[PDB]
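Novice: For reference, the chains in residue letters:
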Amino acid sequence: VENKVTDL
Amino acid sequence: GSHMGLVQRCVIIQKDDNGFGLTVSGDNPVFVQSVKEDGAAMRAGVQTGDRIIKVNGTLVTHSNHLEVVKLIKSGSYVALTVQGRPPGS
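First to last, the sequence lines map onto chains B and A. For what it's worth, the authors' numbering labels the leading residue of the first sequence as 90, then goes sequentially. For what it's worth, the authors' numbering labels the leading residue of the second sequence as 1, then goes sequentially.
Hints are supplied without guarantee of correctness; some may be wrong.
When the alpha-carbon atoms are kept at most 20 Å apart in a straight line, the in silico EDC-like pairs for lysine to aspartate or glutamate are as follows [said to hold, decoys possible]:
1. A/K70 / A/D17
2. B/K93 / A/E67
3. B/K93 / A/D27
4. A/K15 / B/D96
5. A/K36 / B/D96
6. A/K70 / B/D96
7. A/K73 / B/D96
The calculated label-pair distances, taken between Cβ atoms and stated as ranges, are [said to hold, decoys possible]:
8. A/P86 / B/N92: 30 to 36 Å
9. A/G84 / B/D96: 17 to 23 Å
10. B/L97 / A/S2: 31 to 37 Å
Just a few of them, taken from the derived set where beta-carbon distance is under 7 Å, the chain A residues facing chain B [claimed, not checked]:
11. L22
12. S25
13. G26
14. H65
15. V69
If you are wondering where the hints come from, they were derived from the structure by calculation, not from laboratory data. Where a beta carbon is used, it is the ideal one built from N, C-alpha and C, also for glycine.
Produce the entire structure from the sequences given, and follow the hints as far as they go.
Specialist: Structure follows, in structure tokens:
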């Protein structure tokens, strides 16, 4: 579905 | 000012005890999901639902996932070139 998510 | 519709803006986020505190997803025309209202994310002037295009000069249209993270993490504070829209124009 989405392989480019980043949480900082 | 003049020219309304779609404008780009750079946001400078600093590192705090809780960190940046912001959620972002997508590649190239990266899109910010949410930001910590009581953190560097909101303090830097970031809103919920933004279009981040660049980060500290290094465009997000080449660096990989872990790459962009390492770049942002490699430093206390960093500026992010994003784009949005005028709410209620």
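Novice: So, for every hint listed, does it hold in this structure?
Specialist: Tested hints:
Proximity of A/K70 to A/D17 is assessed by CA-CA distance (about 19 Å); at most 20 Å being required, the pair is judged to hold. The straight-line distance between the Cα atoms of B/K93 and A/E67 is roughly 11 Å, inside the 20 Å bound, and the hint therefore holds. Between B/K93 and A/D27, the direct Cα distance comes to roughly 6 Å. Compliance with the 20 Å bound is thereby established for this hinted pair. A C-alpha spacing of about 14 Å is found between A/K15 and B/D96, which places the hinted pair at or below 20 Å, so the restraint holds.
A C-alpha spacing of about 11 Å is found between A/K36 and B/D96, which places the hinted pair at or below 20 Å, so the restraint holds. For a cut-off of 20 Å, the pair hint linking A/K70 to B/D96 stands: about 12 Å separates their Cα positions. For the given pair, A/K73 sits about 12 Å from B/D96 by alpha-carbon distance, which is consistent with the 20 Å threshold. Checking the proposed 30 to 36 Å range against A/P86 and B/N92 shows it holds: the Cβ atoms sit about 32 Å from each other.
At roughly 20 Å, the beta-carbon separation of A/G84 and B/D96 lies within the given 17 to 23 Å, and the hint holds. Between B/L97 and A/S2 the C-beta distance comes to about 34 Å, which sits within the given range of 31 to 37 Å. With 7 Å as the threshold, the beta carbon of A/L22 comes within range of chain B, its nearest partner Cβ sitting at about 6 Å, so the hint holds. Because the closest C-beta pair between A/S25 and chain B is about 4 Å apart, less than 7 Å, the hint holds.
For A/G26, the suggested interface contact is upheld, since its CB lies about 6 Å from the closest CB of chain B, less than 7 Å. Taking 7 Å as the C-beta cut-off, the interface hint given for A/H65 holds, the closest approach to chain B being about 6 Å. A cut of 7 Å between beta carbons decides the hint on A/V69: the least distance to chain B is about 6 Å, and the hint holds.
Checked against the numbered hints above, the structure breaks none of them.
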